[PDB]
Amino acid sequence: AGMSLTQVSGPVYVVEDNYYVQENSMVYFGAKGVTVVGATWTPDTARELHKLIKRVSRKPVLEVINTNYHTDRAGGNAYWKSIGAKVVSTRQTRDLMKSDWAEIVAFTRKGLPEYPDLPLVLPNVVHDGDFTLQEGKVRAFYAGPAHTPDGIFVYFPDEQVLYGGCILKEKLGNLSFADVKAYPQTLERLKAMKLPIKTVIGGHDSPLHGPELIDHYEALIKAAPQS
């Protein structure tokens, strides 16, 4: 299908969004409603995700997290706002989105001319630090710059699942925005947290991995140009 939504553990589901360059995002089905992690590529893809969510739960979509300011993590924002879902990010992500959205949309359209010229839609719930949702069962944190300066991790302690967003994935990918020297330093700060991790969800390529995805990408990035 163009998009799938599949349980990985309990209330934690993975979205494989096959539009444009495949991106993987998360959904958490909570007591009071649904938290989406990664807004997906466009308002149309967001609508496609919402359609899958409505086949699983009647509960409202409470909030959507932009794990960085880029199109693959924030492009759905217009749709999520339109349905009354909060759009959540760190202050850093919101500030970079305000200044650099036009730039990332233009860069997106270089590779994907078919991608729409989306207007800026900023998060409306902004956090100054690390933050949690769903009674502490969805935990977002900053551990330094990697694919972008602002990208955050999201951890689900009950299921021991770590969402890597654009930071963790199978192939090196494009490094145009990346801090290549800091990248492994961020991954090592992450490892030093010693979070219990059974599953890492990569934000591109095939999503389901073990904790060794962190080590896999770390070795890749340490070999890259500008490392």
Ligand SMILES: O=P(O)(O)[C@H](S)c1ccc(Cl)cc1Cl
Contents of the next structure:
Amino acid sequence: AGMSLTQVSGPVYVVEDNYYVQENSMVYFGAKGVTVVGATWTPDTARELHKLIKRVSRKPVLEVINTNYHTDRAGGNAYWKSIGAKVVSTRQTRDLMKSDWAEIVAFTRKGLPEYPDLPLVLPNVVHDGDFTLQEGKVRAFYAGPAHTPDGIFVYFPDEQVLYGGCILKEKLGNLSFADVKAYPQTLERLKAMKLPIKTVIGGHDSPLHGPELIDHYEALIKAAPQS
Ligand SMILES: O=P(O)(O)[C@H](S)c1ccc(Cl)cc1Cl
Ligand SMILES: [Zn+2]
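What would the structure be for the form solved in complex with this ligand, rather than the form solved without this ligand?
Below is the entire complex, every chain and molecule, led by the chain shown above.
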């Protein structure tokens, strides 16, 4: 299918968004409503995710987290706002989105000419530090710069699932926005937290991995140019 929504553990689901270059995002089905982690590529892909959500739950979509300011994590924002969901990020992500959205849309369209020229749609709930949702069961945090300066992790403690958006994946990927020397330092700050982790969801490539995806990507980025 163009997009799938599949249970990984309990209320934690993975979105495989096969539009453009495949990106994987998360959905958490909570008591009061639904939290989406990663807005998906465009308002149209966001609508496709919402259609899948409505086959699982009638509860409202409460909020969507932009794990960084890029098009694959924030492009769906216009749709989420339109249905009354909050769009949530760190202040750093929001500020970078304000200044750099035009640049990232242009960069996206260089690789994907078919991708739309999306207007800026900023987060309307901004956090200055780490933050939680769903009565503490969805936990967002910053551990330093990596793939972009601002990317955050989202941890689901009950299910021992870690999502890093674009930070964790199988292939090296684009480093044009990256801090190549800080990247492994951020991954080591992450590992030093000693979070119980059964599953890491990669943000690109095949999503389902164990904790070893962190070490896999760390070894790749240490061999990269500018390391
Ligand atoms: O940098 P990432 O991991 O988001 C990935 S490698 C990426 C790079 C360029 C373009 Cl146009 C699309 C994508 Cl999905
Ligand atoms: Zn990405």
